[PDB]
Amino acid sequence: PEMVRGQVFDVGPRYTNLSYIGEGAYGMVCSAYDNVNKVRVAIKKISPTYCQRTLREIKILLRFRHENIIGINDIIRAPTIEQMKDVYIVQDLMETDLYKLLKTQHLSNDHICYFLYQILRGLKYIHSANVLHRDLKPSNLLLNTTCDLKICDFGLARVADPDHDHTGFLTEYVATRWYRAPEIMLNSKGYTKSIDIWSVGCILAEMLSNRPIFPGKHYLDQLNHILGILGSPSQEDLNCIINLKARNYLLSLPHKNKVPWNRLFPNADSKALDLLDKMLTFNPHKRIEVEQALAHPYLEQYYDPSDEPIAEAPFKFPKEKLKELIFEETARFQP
């Protein structure tokens, strides 16, 4: 087997001349030459006790088929459960991701507009399958050399469940802190489509300035960053928060003024800021939905609902059992 950075990466003979891309959420990612399709590809190594998030992602990505969602091209594993240890997931090679790109490149308004269009196009398909991504952020948006964009990392995704979204104040949450909607900290488990729209709003703001808009250092500081720009919520929006611990927290804070979007983003297109405002709405019930965002004047050059496909149907879902399910889900790639 070939080795990369003093670690086995056993994907041959189909895949050869490996080069390190980076570390991913569950292990090493390398590029490799695919000797069958005659293109370089990306390969993620997953080592185990496995993680339910590996299975959830595989099930979702194998069911999904969309231009703005990363596909799984191949899955490499031993032929039997007894011999199975590492699993390698092969995907299309992508030059970069939005996190890397924003560290060093100023985006043109045309690039911001096109990127946002593609994020929302992909998200429309995800939401049409009654699935929530729940961890949208720059590093989960892959880009190729022509700036085509694909959403990745579905390990925190869930089927939408608005009737069970409510929870108490300060409920622990798993998804990346800077892209968490305010309601996560107040009364939400992140089981409604509005949580993803907030993350997209955050991404849009970050594309406008190359800096995260709400870089909280810890759980409650995330909320205080948000309120520091949106200002204090209105009486009407507070009345929507029936949880008393959450409501009384917000009532305990000093009045905070709204920061005008055009003062934070003096370079931004005015239509981009009208759409940003609608995505970063405090009240999730008032927040714009994915199809309305696509129909917003900012995206008029691209909007074409006939070319914004949806899923055919809604998506639906012990350590030994988990390993057996991963083995079964990956069976189609075996010779």
The other form holds:
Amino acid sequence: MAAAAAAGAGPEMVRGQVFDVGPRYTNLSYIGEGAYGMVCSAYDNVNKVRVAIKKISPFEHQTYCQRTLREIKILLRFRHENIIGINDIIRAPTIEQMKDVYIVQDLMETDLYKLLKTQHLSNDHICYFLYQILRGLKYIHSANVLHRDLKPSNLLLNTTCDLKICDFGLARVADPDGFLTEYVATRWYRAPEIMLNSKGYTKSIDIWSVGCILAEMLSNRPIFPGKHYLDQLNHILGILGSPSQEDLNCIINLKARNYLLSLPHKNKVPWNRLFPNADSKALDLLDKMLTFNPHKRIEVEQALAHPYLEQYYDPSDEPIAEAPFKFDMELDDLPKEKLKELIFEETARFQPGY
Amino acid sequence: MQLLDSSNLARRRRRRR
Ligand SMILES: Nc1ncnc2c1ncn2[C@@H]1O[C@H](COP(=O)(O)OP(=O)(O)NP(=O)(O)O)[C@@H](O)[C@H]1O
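Compare with the form deposited without the partner chain: the form deposited with the partner chain bound:
In what comes next, the whole complex appears, and the chain from above leads the way.
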């Protein structure tokens, strides 16, 4: 029976979840699952290669719609060796029938979170991985975009040591204006200025995150974990020591400034005691990325030029975006019904026969 | 995963100048 033969070719199920990505994508296999999306590898029968596919089911939640739309708009506009690309986007032909969105990407082999569960990296690999993180970040920042959620699990790696940044659902254009109150699986990579509810978040929040990641590559343990922001801030102070007076009155939030001032003194702990086997140039750059004052924190192009990365630094081959993005959306107040229409519009170009 | 010699970007950096 033709119908019986059609149902055999129907949607595959992975770990109990439906993945309706035929006819183009077949032979699905589980990769991973974030807080929002379910990721499988699949065979692309048109381009004849395996790909990664992330399924999101967002339309009942304003916050899921924001993440879906932001990731799609930003990654479709980015093109960089160290940033994951979107190859295709699968969804239903009518807005009425669209309930899931599948984002199709180049397939990577693992992520740095998984890799650090299984092995201690040599200094040479840490150096090259850190270079690539910063090289991709240089491009992101050149577009005037903040990633805002860098962490080991969204640094993808392949079998030839190539690294790509992914997971752009929180990425935003920088602007002087409830930041990062939405749920995330881990807050351990967030800059202290976010925890203190200072107002003017800048590119420096991403550099902090990269400093946390470097620390974790050096010891295979998170450097500033904690149950609550209070606990994380106490771990930051327990290592960096108490902030200076100059650093304090650079904080906009009078309330947070007051609490820190009440805290008992903490002396800075030297990095070589936390990381005794680590390269001293890696610890110098680490120190400059984990500086409390965001105004003093090293910038991405300065970090690329640091002596630790000198064998990879090449400004002639560290490309930037053609134009910095402008903020003309303010989609953080749009209702999820409006967000769904925009997602539908943004994904129309991938529909068969467009 | 089993992890500088085979990466394309690393080759460009080795062979600059
Ligand atoms: N292109 C890809 N190739 C290989 N693995 C990938 C790819 N994209 C994602 N993954 C894996 O899937 C995981 C979840 O993806 P991610 O984009 O972070 O999902 P999310 O649920 O939307 N956001 P989050 O909760 O921050 O992880 C990642 O941590 C990787 O392990």
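Each form is matched to the other, and the largest set of C-alpha atoms that superpose within 1.5 Å is called the rigid core. Numbering follows the first chain given and starts at 1.
Engineer: After superposing on the rigid core, which residue among 130, 224, 243, 210 shows a C-alpha displacement of 2 Å or more between these two forms?
Structural biologist: The answer here is 243.
Engineer: Once you overlay the rigid core, does the Cα of residue 201 travel 2 Å or further between these two forms?
Structural biologist: False for residue 201: its C-alpha shift is below 2 Å.
Engineer: Aligning on the rigid core, do we see the C-alpha of residue 187 shift 2 angstroms or more between these two forms?
Structural biologist: It does shift by 2 Å or more.
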